[PDB]
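J.: Using the hints provided, position chain A with the ligands relative to the given structure of chain D.
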Amino acid sequence: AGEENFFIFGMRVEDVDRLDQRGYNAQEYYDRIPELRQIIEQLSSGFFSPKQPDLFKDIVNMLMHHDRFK
Amino acid sequence: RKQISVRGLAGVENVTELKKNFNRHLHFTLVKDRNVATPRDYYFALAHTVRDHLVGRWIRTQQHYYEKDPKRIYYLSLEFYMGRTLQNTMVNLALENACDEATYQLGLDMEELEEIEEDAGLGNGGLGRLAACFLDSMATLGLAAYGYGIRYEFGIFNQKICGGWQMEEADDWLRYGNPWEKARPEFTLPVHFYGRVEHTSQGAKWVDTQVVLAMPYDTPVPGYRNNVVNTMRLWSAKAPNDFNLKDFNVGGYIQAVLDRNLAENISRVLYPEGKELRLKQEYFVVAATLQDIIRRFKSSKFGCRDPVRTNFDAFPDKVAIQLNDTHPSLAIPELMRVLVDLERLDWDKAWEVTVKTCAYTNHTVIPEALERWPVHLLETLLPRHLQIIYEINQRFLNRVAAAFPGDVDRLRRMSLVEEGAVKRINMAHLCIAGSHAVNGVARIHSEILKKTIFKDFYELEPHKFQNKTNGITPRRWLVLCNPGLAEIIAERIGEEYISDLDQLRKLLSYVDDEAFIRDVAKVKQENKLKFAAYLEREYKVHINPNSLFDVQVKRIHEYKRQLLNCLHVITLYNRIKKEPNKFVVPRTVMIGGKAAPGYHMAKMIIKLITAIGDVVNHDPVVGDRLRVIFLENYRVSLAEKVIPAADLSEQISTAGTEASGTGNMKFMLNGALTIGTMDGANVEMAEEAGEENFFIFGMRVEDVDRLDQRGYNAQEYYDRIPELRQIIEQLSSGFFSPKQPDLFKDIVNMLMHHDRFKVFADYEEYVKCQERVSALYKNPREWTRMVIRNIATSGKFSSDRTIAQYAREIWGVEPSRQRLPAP
Ligand SMILES: Nc1ncnc2c1ncn2[C@@H]1O[C@H](COP(=O)(O)O)[C@@H](O)[C@H]1O
Ligand SMILES: *Cc1c(COP(=O)(O)O)cnc(C)c1O
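Order-wise, the sequence lines are chains D and A. Following PDB author numbering, the numbering of the first sequence begins with 703 at its first residue and continues without gaps. Numbering (PDB author numbering) for the second sequence: 10 to 281, 287 to 837.
Only chain D is shown next, with the shape it has when bound in the complex:
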């Protein structure tokens, strides 16, 4: 198709291998990236869940603290 003709992005295999080697910490991205910080805090307040705000709690921790898939 041609590389231009394709929206191919993000990490390739090397960088994940290299981030597994240098330890991946999810907090560090959260503290820089500003709309991210914002939407995680939205998920915890229970923006997207008023009746059980608490409900998405495990998606947060999964990400925040223990995500294999980056």
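Since the hints were made in silico from the structure, they are not lab data.
Result set (DSSO-like, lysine-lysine): computed pairs, CA atoms no more than 30 Å apart in a straight line:
no., chain 1, residue 1, chain 2, residue 2
1, A, 191, A, 29
2, D, 759, A, 464
3, A, 11, A, 315
4, D, 753, A, 465
5, A, 41, A, 191
6, A, 655, A, 28
7, A, 469, D, 753
8, D, 753, A, 437
9, A, 536, A, 792
10, A, 437, D, 759
11, A, 370, A, 80
12, D, 772, A, 759
13, A, 363, A, 312
14, A, 289, D, 753
15, A, 478, D, 753
16, A, 469, D, 759
17, A, 464, D, 753
18, D, 759, A, 289
19, A, 247, A, 294
20, A, 465, D, 759
21, A, 753, A, 591
Partial list, derived from the structure: chain A residues whose beta carbon lies under 8 Å from chain D:
no., residue
22, 426
23, 433
24, 434
25, 722
26, 724
27, 725
28, 727
29, 728
30, 729
31, 730
32, 768
Ideal Cβ positions, reconstructed from N, Cα and C, are used throughout, including at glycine.
T.: Below, chain A with the ligands alone, put in the same frame as chain D:
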């Protein structure tokens, strides 16, 4: 009739009498003979000779509570880790010397026979050890208490270590009788299941329910020389046996041979998810129990003291119940069903009584571990019950609303009905609302309840949330298990300590008396001495008596961290090998404890410990400077051999996790220095003994939240600490596992990339605090004066203190070490 008395049948501290009794029971109770008796047999001759006395005073005490009619207390716990009765009974009734002599004059040795008893397998860990202590303290305080649980027939598993892997065999401790128990077929009760609630005219009726029988078994519990003897009453489930033709359900189909075995295995085993049997086991223990509880309120004289309704108004004056952990919560709506539906009160006169009866001990901190049953699951087998929980719920949320008006979100958090995919009933929140007292079991713990877990229950009900720090009996865990240290502490200050433990501060005088200090150190030389030997006799190893007996006995679970301890032992191993001729204090590291089946991490840590064992214990360069031993089938009678022998108690969990920890304590009283993190019951020990008599280390709860805050990243500790990096690469290459290199792949990876508990983080600090430990062991007079200071301070940890605090601030009765009359 008056002619039929307890009276003529004894001689008590009398050799010749007990030798006469022993010969009857061997030949008339046992219908055995000297020409035929086993060791197993001479302990049922002896245990029966020691039981006569144990029951004559039970006869007397129970009559004594009917006549005195004291408010009664009932500890509802699904696990009583009793474990070995001959000696606690011999020493709580003071017949040990007289017996030792009788059996001795007969020509058997009493110690032989003592070891044939298999531990009374009705328990599992913390929760259930505790309950067992509280019975010896509650009898001793002359309180009219009771212990009610299930009699498990197969306990929980016995641990076998085969191929350095854990094999779970079955505990049929019930194999040749348990002489300490009495079967009462005649008080069998219906426990009801499934069914439907037919609401008729004046209420609702719970119709069409399967019935299971609850048979009781009575085990007398002797207080310490105060002549009381209470009861632990456990229930054995049993099938109805109409199953053949009587009912016209069978004949044509006995596929309900099933009903029969699903019923018997409520009493078959301990547990060990939302399982229909766990709830069956919970309801079962409660219900047959609440009919004995209400029965005695009617029959124990109070049938002639009715005044009005044989009133259940006089019920919280004269009965008291304890929910020891959410495993009896159904006692609360089981009681509201008995009062409203079966008796006939209105729902407030029924609730007043229930909330004025139930007090519930807590022992959990993490949300994730509070009890929560699915409501459909309560619909099918307990339909009336989940109707009564919903009543409770409506009203409790209307109270809450009277109080925090406008807040809906609090209402939707405090309710007993949790919502998600699969709605559940917060058995935690049931317990709190149906109670006049909630209490953690250690100060840091009770406060985190009020602060973070149970908080909206404390703004609403502040007064309710107390605490009553855990404690241990001194009789099992110092006299019985340590006659030697029992002996020299008697020399310098006499008995009242055994019956009054903060009286051990008197020992702070002797801190520098060279007699004392040779004698505390000598008693320990000899406790280690015999344990080196069973570690040869009953299992195998070459122990060096003269080493730092480093022990760690915990639930083999990730957060308890025997992988922090595995890393320090690989680090001594490496050290002693890079430099074979440096003086490093010789150690015997010993770890023991059960996995609990199917937990794969745990089962791999038990193998890790034995892999390391095999390597260091066969490395010739090492000699006896280092040995790693896995103790197998840790249970109450090992705990009583290993604890006298320990010099270092390793109480190392992640800062913030242990809620308290009953064994923390067992060690202190037995003179062993504690290495451990600032959490649980370390917190009030490092306060009682003064911090510098303690080896407190690591991260504090403070800096664990902090670590989570900037995100713990294991690899950075990996990249600075050079001995760590070394052990990780040893684990992976299969230095410890040569035939399968890749065998510890999971543990490694765990540590390195997803350890919820921050083992690496406490690795520099822990190796250095141990360096300071071997340093102080290298100087016998100061390590012994630390020890004297930790023993002198044990008092804040008697179960006699804890039980007192129960009797006075929750159950409302008064302790008494006064002797009851009897025989
Ligand atoms: N009405 C009573 N009068 C005197 N002693 C009693 C009475 N009821 C029970 N006991 C004693 O208490 C023991 C336990 O009673 P129960 O609660 O029926 O298991 C009995 O074995 C007797 O020793
Ligand atoms: C006291 C005791 C326990 C308690 O475990 P902790 O780690 O101390 O809470 C466990 N097992 C036995 C045999 C005990 O006596």
